[PDB]
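Between the sequences and the hints, there should be enough to build the whole structure, so can you do that?
Number of protein chains: 4
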Amino acid sequence: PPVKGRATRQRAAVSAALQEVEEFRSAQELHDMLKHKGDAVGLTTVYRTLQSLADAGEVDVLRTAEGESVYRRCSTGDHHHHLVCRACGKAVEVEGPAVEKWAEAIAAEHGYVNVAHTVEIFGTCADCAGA
Amino acid sequence: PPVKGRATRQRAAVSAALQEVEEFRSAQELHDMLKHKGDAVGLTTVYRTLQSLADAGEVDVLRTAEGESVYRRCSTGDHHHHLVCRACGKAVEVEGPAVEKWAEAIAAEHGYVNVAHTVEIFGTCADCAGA
Amino acid sequence: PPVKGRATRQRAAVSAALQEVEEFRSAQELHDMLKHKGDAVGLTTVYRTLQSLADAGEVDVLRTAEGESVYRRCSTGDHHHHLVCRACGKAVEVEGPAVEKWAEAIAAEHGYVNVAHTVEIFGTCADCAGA
Amino acid sequence: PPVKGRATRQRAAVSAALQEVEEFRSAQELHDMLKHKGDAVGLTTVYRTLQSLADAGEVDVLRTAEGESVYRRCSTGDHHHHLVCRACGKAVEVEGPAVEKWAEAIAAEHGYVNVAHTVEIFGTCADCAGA
DNA sequence: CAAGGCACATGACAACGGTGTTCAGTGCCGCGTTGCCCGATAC
DNA sequence: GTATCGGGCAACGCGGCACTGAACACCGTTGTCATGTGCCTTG
Ligand SMILES: [Zn+2]
Ligand SMILES: [Zn+2]
Ligand SMILES: [Zn+2]
Ligand SMILES: [Zn+2]
Ligand SMILES: [Zn+2]
Ligand SMILES: [Zn+2]
Ligand SMILES: [Zn+2]
Ligand SMILES: [Zn+2]
Ligand SMILES: [Zn+2]
Ligand SMILES: [Zn+2]
Ligand SMILES: [Zn+2]
Ligand SMILES: [Zn+2]
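Protein chains in written order, with UniProt numbering: chain L, 6 to 136; chain A, 6 to 136; chain F, 6 to 136; chain D, 6 to 136.
Since the hints were made in silico from the structure, they are not lab data. Beta carbons: idealized from backbone N, C-alpha and C, even for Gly. Warning: the hint list may mix true and false statements.
Stated by the list, open to error - Some chain D residues judged to face chain F by a derived CB distance under 8 Å, without partners named:
| hint | residue |
| --- | --- |
| 1 | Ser-20 |
| 2 | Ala-21 |
| 3 | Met-38 |
| 4 | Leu-67 |
| 5 | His-84 |
| 6 | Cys-93 |
| 7 | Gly-94 |
| 8 | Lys-95 |
| 9 | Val-99 |
| 10 | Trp-107 |
| 11 | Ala-112 |
| 12 | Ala-113 |
| 13 | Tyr-117 |
| 14 | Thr-123 |
| 15 | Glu-125 |
| 16 | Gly-128 |
Below, the structure written as C-alpha cells:
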C-alpha cells in the first residue's frame, strides 16, 4: 500500500505492518505491535497513515458493534463483502452479484437517488467454537 | 412497545415516543422530544429503557456514521433489513429472499457454527434531490 | 495513593500500579503495563488519575531529557531529592539540607520575595555499566 | 561568538542576535528577532545552529516547565547554576561548591560510575512582586 | 384502606474509553556559496 | 620569478515544504450513590 504523500520511514513501516497482518486490527492494536517492533511510530501517526491508505482504498475498513473501527489489507482490488469471526479476528473476502443486484433493485423500487449497499456478515468459525 | 422491566410512567413515555416516530432516532434525541412533551424522562432513564426494549426485540438498533446508536420501533417481528436516507433520516423496511440465501451460502461454505448477517442500504430520496 | 474525588475501579487500578512500581514511568509506559494486566484503563484515564495523584503529592514527578514527564510513588511524603540511573530506570532518594540553605542565601542575595529550589542528578550504577 | 559550522552570513546574524540577548530565548523567538532585524535567517537553520552552539557549550540551555528549549549566552566560561526569575525570564549565574560536593558524595556512596548535577531556582523578584 | 411489609424502580451526579487537534521540533529534497584550486596572463 | 587575473569547482552551505513526538480536547455512553414510587400480605 504506497502512501500518496512523500515516502518516510514511519509511513512505510505502517504500510508494511498492514501487509504483515491478514486480520482486521484497530489503530490501538496496530500501534502496540509497532511499539513492540521498535519502529517508534506514534499512535497519532498510526491513525493518520491508516486513514490515508483506507481513503485510497488500499486497506478495507469495518466497524464492530462496540464502535471501534478495524483496518485490514485485502489481496483483491475489486469491492467484496466480508464474513468475519470475532474470536479469530480474521475475515474472509467474498463478493455477491445477487446481493448487489437486490440492493440496486431495492433502490429502483423506492426511486432512491444513489445506492450505497453495506452488506457485512458476522459469524464465529467452528475452530473458535471448539474449546 | 411492551417492556420486560416493571411497569412505570417513565417507561410508557419513552415507549410512546418510539411509537410516535417510525424513523431511527438517537437516545439523546428521543430524550429531548420527551423533554419538549413535558414527560421529562431522565437521560439515564431513556438510555436504560431503549436498551431494555432492544434486548426484548421491540426496537431495532442502527449505527450512524458519527458512531451514535439510533433506535426505532418496527411493526413486523419477521427478519428484515432497512433502506434508510441519511439526509432526511427516513427509514423504509425492505426484505430480500436472495440476501438471506447468499448469507446462508457464505456461512455454509466456510462451515461457521453460528452466523448472523446485518444488511442496510443508504440512499437519497428523489423528492430530496428535487428542488 | 488516594484520589480526592469519589473512588472508582479505574482510579484504584492506576494507583495500585504506581504503588507496585518502584521507578519513574511515563503515562504511556504505565498504560501498556496496565493493558497487559487486563485492568483495561484507557490512556486518557491513566493521564487524569496520574495528574490528580501528583497534585496531592502521592506520586513524585521527574522531567526526562526527551521531555516526557515520568511519575513514581516515593517511600516518604517528606521533602527530598533523587539521583536517577538512566540504565535502571529507577532512582535512589537522597536529600541535602546544605543545598537548601545555599539556595535560600543566594535567593535572598537575588532579592526574590519567595523562591523554589529544584535539583536533579542523571548517572548510571556500577552494575549497569557492566554488560 | 564562534560557530563550529562553516562561517556564512546566516550564522553571523544568529550569533549576533544571541550576543544581543543576555536572557534565555526560545529558538522560535530568536528566529522572530532575526526576521525583525531583516536578516531573514531560516527557522530550520536557526534550530540547527542553536543546537551546534549548545553542543560546543558556547551558548547554555534550560528546560522550561512547558518543555520547550530556551538558549542563553553566558559571559562566564566556568561552570555555574542559573537563577532565572519566573516573572522576568532573565537569569543571573551563581555557583555553589557545596551543592556539587553533595551530589558527588551521594553518587560516590551509591556507587554510580558517573553523575551530572543540575540546579535551577525559579522565583519572582521584589520589583516583579511590585505592581 | 391503610398501616405496615418489601421490592423492584428512578436521576443526578460521578465517572470513562475511544478518536481527534495543538504544538515545538525535525525529516526531506532541491537550491545556493566560498574559500580553495588551478590555469593561464604579459610582464 | 613574482604577481594579479578569469574561471571552474566539489565538498559543503542554505530554505521551504513537508511531516512527526507527547499532551491534551472533544463527545456518547455509563458505573455509584441516594431516594420517591409501586405493590403484596396482615391488621
Ligand atoms: Zn476485503
Ligand atoms: Zn458488494
Ligand atoms: Zn474463528
Ligand atoms: Zn425494522
Ligand atoms: Zn437478512
Ligand atoms: Zn432523502
Ligand atoms: Zn521524592
Ligand atoms: Zn529540595
Ligand atoms: Zn543502574
Ligand atoms: Zn550559563
Ligand atoms: Zn523578576
Ligand atoms: Zn555545579
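Quick rundown of the hints versus the structure:
Here the hint on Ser-20 of chain D is broken, as its CB sits about 25 Å from the closest CB of chain F, past 8 Å. With a least beta-carbon distance of about 29 Å to chain F, the hint placing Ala-21 of chain D at the interface is violated under the 8 Å criterion. Restraint check, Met-38 of chain D versus chain F: the minimum CB separation of about 24 Å is more than 8 Å; hint violated. Evaluation of the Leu-67 of chain D hint against chain F yields a violated restraint, the C-beta minimum of about 12 Å exceeding 8 Å.
At about 15 Å, the closest approach between the beta carbon of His-84 of chain D and any beta carbon in chain F exceeds 8 Å, and the interface hint on this residue is violated. Residue-level restraint check for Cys-93 of chain D is violated (minimum Cβ-Cβ distance to chain F is 11 Å; threshold 8 Å). For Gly-94 of chain D, the interface hint is violated, the least distance from its beta-carbon to any beta-carbon of chain F being 14 Å, above 8 Å. Contact between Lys-95 of chain D and chain F, as hinted, is not supported at the beta carbon level, the nearest pair being about 11 Å apart and thus beyond 8 Å.
A hinted interface residue such as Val-99 of chain D counts as satisfied when its beta carbon comes closer than 8 Å to some beta carbon of chain F; here the least separation is about 5 Å, so the hint holds. For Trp-107 of chain D, the shortest C-beta to C-beta distance to chain F is roughly 4 Å, which falls under 8 Å, so the interface hint holds. With a cut of 8 Å, the hint placing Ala-112 of chain D at the interface with chain F holds, because the nearest CB-to-CB distance is about 6 Å. Because the smallest distance between the Cβ of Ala-113 of chain D and any Cβ of chain F comes to about 11 Å, over 8 Å, the interface hint for this residue is violated.
Because the smallest distance between the Cβ of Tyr-117 of chain D and any Cβ of chain F comes to about 4 Å, under 8 Å, the interface hint for this residue holds. About 5 Å separates the beta-carbon of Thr-123 of chain D from the nearest beta-carbon of chain F, less than 8 Å, and the hint is met. A least Cβ separation of about 5 Å between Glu-125 of chain D and chain F falls short of the 8 Å threshold, and the interface hint therefore holds. For the restraint placing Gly-128 of chain D at the interface with chain F, the shortest Cβ-Cβ distance is roughly 3 Å, inside the 8 Å limit, so the hint holds.
The structure is inconsistent with the numbered hints 1, 2, 3, 4, 5, 6, 7, 8 and 12, although it conforms to all the rest.
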